[PDB]
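We begin with a single chain expressed as structure tokens, specifically the form deposited in one PDB entry.
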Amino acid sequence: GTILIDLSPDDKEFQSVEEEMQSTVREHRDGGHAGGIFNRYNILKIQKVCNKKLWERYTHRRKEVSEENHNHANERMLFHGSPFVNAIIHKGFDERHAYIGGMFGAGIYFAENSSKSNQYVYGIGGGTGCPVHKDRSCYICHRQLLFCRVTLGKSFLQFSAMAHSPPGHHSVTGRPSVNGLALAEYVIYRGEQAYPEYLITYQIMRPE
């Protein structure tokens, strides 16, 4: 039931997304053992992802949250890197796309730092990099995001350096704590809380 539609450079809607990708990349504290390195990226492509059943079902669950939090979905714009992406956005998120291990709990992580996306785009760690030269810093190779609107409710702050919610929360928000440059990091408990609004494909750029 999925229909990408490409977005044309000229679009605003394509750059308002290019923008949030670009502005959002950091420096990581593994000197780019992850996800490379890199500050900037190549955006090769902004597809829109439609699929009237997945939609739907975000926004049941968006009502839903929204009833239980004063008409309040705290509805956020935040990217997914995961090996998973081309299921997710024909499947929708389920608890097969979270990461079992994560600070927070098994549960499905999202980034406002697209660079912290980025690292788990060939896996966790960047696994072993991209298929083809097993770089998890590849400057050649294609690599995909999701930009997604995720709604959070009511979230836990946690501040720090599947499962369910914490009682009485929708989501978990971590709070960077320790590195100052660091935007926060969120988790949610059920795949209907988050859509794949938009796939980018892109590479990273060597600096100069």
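Numbering follows the first chain given and starts at 1. Here, rigid core means the biggest group of C-alpha atoms that superpose within 1.5 Å across both forms. Compared with the form deposited in another entry:
- Looking at CA displacements between these two forms with the core superposed, a shift of 2 Å or more is confined, among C141, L183, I43, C50, to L183.
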Contents of the next structure:
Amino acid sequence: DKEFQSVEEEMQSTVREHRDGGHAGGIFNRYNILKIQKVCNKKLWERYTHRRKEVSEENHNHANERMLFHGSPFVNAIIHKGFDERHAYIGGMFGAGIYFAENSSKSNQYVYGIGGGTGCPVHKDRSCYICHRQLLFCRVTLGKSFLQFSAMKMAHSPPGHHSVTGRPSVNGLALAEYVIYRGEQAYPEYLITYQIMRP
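Based on the form deposited in one PDB entry presented above, generate the structure block for the form deposited in another entry.
Just this one chain is shown here; partners and other molecules are left out.
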């Protein structure tokens, strides 16, 4: 209702002009949101709130919770089994983590894989406007977030930290990206079924 409209507003307002020229996610300025489904998985929520509490206690009664986008070819697995760092790619910009973004267009670059992979399954198009894509709008506990400006391949959060904020840099990092090294620090709150729209 008002809950889904703010999700739809956040999905549209956070689109950016990508330094890849739309190569990975596609050519678009806006989406066509088809459905917003609220994921209600109590076992995943219990895991999330438990870790959230531990984190708050190690960061001045502050979880540093953010509402962030996640784009991955594994969204249906995530909605059932939750985020899992055991599946995290080791050679990512910030290492073996679960990457999230404030800009839905960044998460959109990863729905079919790193640099959009091949593209959509049935047409093999990264800029496909026909096939329906899926993004997750997640509750993310960042806790004590470590600000890293360059590439740093780490396996776990830096000592005393609960995440990594990959802040924007000239040579080279276009937009912010939030990385957790523990799956229990994010809850797949909303499942956005959408299509990127041709300008």
